[PDB]
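A lone chain, given as structure tokens: the form solved without its partner chain.
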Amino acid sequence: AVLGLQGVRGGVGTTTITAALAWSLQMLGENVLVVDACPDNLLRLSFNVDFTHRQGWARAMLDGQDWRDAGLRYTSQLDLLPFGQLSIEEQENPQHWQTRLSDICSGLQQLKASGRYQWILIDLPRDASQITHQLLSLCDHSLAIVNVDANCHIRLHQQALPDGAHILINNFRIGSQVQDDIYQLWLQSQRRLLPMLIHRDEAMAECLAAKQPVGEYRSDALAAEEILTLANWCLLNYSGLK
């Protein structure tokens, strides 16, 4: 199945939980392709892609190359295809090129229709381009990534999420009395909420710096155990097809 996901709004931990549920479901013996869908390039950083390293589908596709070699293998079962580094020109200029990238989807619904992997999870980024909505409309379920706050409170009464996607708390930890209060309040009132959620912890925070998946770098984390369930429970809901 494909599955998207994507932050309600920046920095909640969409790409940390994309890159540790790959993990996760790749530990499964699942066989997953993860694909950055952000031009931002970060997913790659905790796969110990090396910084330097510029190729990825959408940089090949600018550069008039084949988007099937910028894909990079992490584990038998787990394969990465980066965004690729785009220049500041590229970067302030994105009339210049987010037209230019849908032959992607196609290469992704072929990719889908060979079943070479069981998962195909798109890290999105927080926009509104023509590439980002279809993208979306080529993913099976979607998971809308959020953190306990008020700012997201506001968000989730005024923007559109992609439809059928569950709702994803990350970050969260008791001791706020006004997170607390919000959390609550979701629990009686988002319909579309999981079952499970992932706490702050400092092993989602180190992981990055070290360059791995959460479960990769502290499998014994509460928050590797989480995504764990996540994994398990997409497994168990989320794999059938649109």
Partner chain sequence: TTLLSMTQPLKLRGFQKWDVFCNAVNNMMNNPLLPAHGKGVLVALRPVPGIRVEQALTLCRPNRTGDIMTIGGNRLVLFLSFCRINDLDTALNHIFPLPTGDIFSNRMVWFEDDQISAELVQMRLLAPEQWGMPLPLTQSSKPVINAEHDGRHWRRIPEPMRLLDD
Contents of the next structure:
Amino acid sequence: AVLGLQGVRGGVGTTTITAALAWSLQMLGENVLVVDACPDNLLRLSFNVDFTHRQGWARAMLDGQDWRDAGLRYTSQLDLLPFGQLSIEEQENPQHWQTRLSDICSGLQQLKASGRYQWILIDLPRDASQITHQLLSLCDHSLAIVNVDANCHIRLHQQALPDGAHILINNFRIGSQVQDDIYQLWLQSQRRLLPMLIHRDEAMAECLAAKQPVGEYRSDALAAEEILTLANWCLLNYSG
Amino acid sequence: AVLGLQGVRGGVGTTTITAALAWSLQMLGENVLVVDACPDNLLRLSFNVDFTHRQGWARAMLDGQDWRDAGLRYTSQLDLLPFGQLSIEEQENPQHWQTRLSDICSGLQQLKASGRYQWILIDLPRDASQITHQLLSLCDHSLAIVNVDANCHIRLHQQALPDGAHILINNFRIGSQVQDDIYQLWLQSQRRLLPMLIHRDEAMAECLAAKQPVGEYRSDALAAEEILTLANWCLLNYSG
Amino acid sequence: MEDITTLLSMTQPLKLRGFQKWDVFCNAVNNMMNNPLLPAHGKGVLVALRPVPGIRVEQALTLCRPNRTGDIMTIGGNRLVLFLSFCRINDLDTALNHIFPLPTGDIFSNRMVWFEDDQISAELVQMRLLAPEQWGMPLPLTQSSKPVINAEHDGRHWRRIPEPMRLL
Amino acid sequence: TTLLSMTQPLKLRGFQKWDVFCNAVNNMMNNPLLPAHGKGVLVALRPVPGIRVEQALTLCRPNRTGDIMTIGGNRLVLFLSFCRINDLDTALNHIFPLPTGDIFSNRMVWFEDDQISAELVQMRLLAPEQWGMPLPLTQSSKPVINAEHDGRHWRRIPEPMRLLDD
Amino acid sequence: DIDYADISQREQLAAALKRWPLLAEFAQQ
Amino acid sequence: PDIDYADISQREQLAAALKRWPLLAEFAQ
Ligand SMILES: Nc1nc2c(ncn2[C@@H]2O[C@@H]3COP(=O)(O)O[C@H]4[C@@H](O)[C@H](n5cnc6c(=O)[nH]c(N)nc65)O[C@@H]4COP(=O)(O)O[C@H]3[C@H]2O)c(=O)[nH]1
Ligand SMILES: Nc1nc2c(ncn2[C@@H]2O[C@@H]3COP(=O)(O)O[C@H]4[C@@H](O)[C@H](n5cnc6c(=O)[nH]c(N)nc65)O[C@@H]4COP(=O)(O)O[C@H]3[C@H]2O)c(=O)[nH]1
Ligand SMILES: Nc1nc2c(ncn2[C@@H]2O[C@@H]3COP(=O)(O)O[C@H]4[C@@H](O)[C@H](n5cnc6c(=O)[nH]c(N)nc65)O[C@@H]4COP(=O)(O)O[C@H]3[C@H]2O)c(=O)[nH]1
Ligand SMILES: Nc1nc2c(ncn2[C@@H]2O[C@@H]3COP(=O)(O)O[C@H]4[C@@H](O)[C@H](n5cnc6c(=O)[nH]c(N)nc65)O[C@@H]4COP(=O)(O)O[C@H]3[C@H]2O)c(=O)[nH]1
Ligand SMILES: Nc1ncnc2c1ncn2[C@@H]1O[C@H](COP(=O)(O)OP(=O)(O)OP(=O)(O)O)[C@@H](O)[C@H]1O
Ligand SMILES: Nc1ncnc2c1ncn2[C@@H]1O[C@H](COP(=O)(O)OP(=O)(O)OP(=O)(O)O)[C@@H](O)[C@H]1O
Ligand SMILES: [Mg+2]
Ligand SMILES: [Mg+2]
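Got the form solved without its partner chain; any chance of the form solved in complex with its partner chain too?
What follows is the whole complex; the chain from before opens it.
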């Protein structure tokens, strides 16, 4: 199925989890396609893509080229489609290009209908652009990424989550009383909370500096095993 | 002077630091106005403003009211101007209201010229809004907020920072090898990096849960003393 | 010579943990069954688990994470077989809940248990009829053993070079 | 605090009131069981024009027991216990989180007994009106027109106001 | 979807809601 | 942002970090 991963807030671990989950699903014998819908184009760097490599689906569309030629094969069962590098001019003027990318909405359904991939993972930003809402509409399921802090606790009450989304906890620390309090309150009040979480883990901080998914970088790391649990949970619950 | 604080990424501590810095400046004997320019309207919650209090400068402009009546006095030398609570529809459709916030540019220039405040701090979003660019142009100085991780390291090489901004480190942790490596590299390569940093402190995680700035919540916490050093540095270098 | 994992299953079966190849699993449990210094019917519990249709045994095996030394598992014929050393039968669900991260009802659709020595031995007889071609291997072992055509070594570790390919 | 400066001056640390500071250093000077000229260094610091002494006082964070400071007459005065004059800049760098040259425009030092005592004489000529107090102490002694107690701690209540226009 | 019914049953939640006014004001809403 | 990798190679700890983390080495050249 098509799985969207969107952070309730910036910098909660969405991109690292998306790459790690794609690697976990590929390791489980599934054909995976992972696409970067965030204009910062950071997902590619978790798969040893050269920083100077500017190609991507949104870059090819802004240049009139074929976005289907922007894909990259990581393993025999894991392909990725980067966003592409935007210039500083395009960065500071998103009015021009955020409406010229609706082709990917129709094109993803082609990949959805071909059956070549058992999983299509989408790294989604939390902006409210029309292309973000369209890609989220293509998703069959969603994961809202949070950390256990007061910021995310507020957001869970004042902003909207994707319909039917499940809440995934990341960066769970040891020895934080305020975290323990917020967590217990969530266990008793947050209905959509997943039955597994991801701890703070030096492997999760190091894998991006090694430009690899955490499962490839350190398969015996605790966060790698927790994300592998999430992968199996997706097989059991998100297959439809 | 007018000081803007903007994270190079979400969730790096920009709001908490903005509230802590406004508390330190007013405690140093300076008249301070702190302004929430982020649509998420979170800054107010660090000053014991009730969550159901929907008032704010942008909320007042969208409703046809006078934004000047949306101010809030916290101490004799610290005034607060929240953004205001947007509805879910307004959150999902920023183009409906982003263009209707023109008054705040001249309004802040008026507060600059009035000479009532020695410091006007602004919690700035990382979006590419035209209103966000206009508020950044009104700023005399700016602080770019980062965490010491691979994400921010990439961003410092691929995205633009405000002109003349200084880089402020937050959430500095103990016992992270990759953090030490990125930090040692920054010390020799990053030229806009501030001499002081802010460690990860439980007091900074709890103060928002207590709805207070960290300096008021726990004046003897390490992060409170680091923010206080930053406030004195602002007196010495950003004086205006 | 003799394999180390086979040697242990011969002489010290209670020191094994984790995945064992089907035949090594059967030999380790049988050597526990015939150890005279172990209690009569208190050696442990043998459990056969059938995965739900939405998961394969190789995938469900990645969730089987025992910690007690002497707890071993194997896969073959779309069955995940566990032996929980010295686990009382009434405590089975406790031990199982410690081994899997998700509820075992959500992973497996059916379960069979043997705790008497004669019943465990009789089931070992049936398991040994399974052809070696039907014996499973863990996913990290078989997946990482496939040829990597985009590999490149940096002097210490292997890395993958992402290759351009047209999506069609 | 006053009895401490009388009998055990070396056990004091941190900010001391101007008169208590002077009495503590004088009691150290006249202690016969202390070394003849290794008692410490007296440092007077004039802040740069962009910062007031009470503000610069917030940056003065000694850690060694016996290091004490005070503010008065637009001067921050430190006594670094048993610090040798050669190691002055080392001790100062430990106490302030920023370079002292950026905080203070000028600095004067006395490290010999006779010099320290003569400087104490001049310091005591200063009228009490010029004696400073720490900013957190004075800012806390101000009234609070919007306080509210929750049963354990005082909380501030933000009051609606109008940002005036002209 | 957030449900704040019968929070007080757990001992820790009652103390947590009292210590952190941010958590209390969302539960009492 | 002004970044100056002038003499990163000379510092000892930076050499080992650039050789362990491909991401840091990538931007240093
Ligand atoms: N709740 C629970 N967890 C279990 C049980 N059996 C194993 N574990 C978990 O698995 C770990 C490894 O167990 P081990 O190899 O038997 O190795 C154990 C075992 O040899 C011994 N040990 C610990 N507690 C007991 C105990 O209560 N009785 C006995 N007889 N030995 C114990 O110390 C070793 C290290 O112990 P731990 O740090 O506790 O680490 C244990 C514990 O985390 C069990 O029946 N219940
Ligand atoms: N093979 C196997 N059997 C398991 C496992 N977990 C539980 N059991 C079985 O279930 C019984 C009850 O487990 P419990 O509630 O954790 O209750 C345990 C636990 O609270 C404690 N305990 C015993 N051994 C350990 C250990 O190694 N580590 C820890 N942390 N606790 C232990 O003592 C209690 C009584 O232990 P027992 O008489 O051994 O009885 C255990 C054992 O027969 C497992 O991972 N593997
Ligand atoms: N770099 C540096 N830091 C200084 C110096 N003097 C004081 N400090 C700092 O201030 C803390 C308290 O100093 P103290 O009152 O002399 O209190 C000290 C002192 O009474 C004693 N102590 C520790 N190290 C030494 C030492 O090397 N020599 C002596 N004679 N006493 C020491 O233990 C207490 C606690 O020590 P710490 O945990 O180290 O904590 C020390 C240290 O963090 C100094 O000359 N150099
Ligand atoms: N009043 C005052 N004087 C200060 C302070 N920091 C440094 N000094 C003076 O400068 C000398 C050299 O300091 P250092 O480089 O930290 O070098 C120190 C430091 O490395 C160590 N040391 C001594 N006492 C302590 C202590 O209490 N804590 C720690 N952590 N180290 C200490 O021994 C070295 C030689 O110590 P000393 O003979 O005491 O000599 C010290 C002392 O005379 C300070 O905070 N307050
Ligand atoms: N569980 C974790 N433990 C330690 N470090 C982590 C963990 N999760 C993420 N990180 C690190 O935190 C940083 C930010 O993570 P990441 O880029 O995945 O978040 P994000 O929400 O996608 O960010 P952005 O808002 O920029 O899109 C990275 O350096 C990453 O390695
Ligand atoms: N130094 C720190 N140590 C510990 N926790 C911290 C620290 N700085 C911030 N936090 C916590 O991290 C969370 C996020 O911080 P904050 O809201 O200030 O970040 P931000 O950059 O404004 O995020 P946003 O994207 O929502 O604007 C809060 O719960 C805050 O209490
Ligand atoms: Mg991201
Ligand atoms: Mg913010």
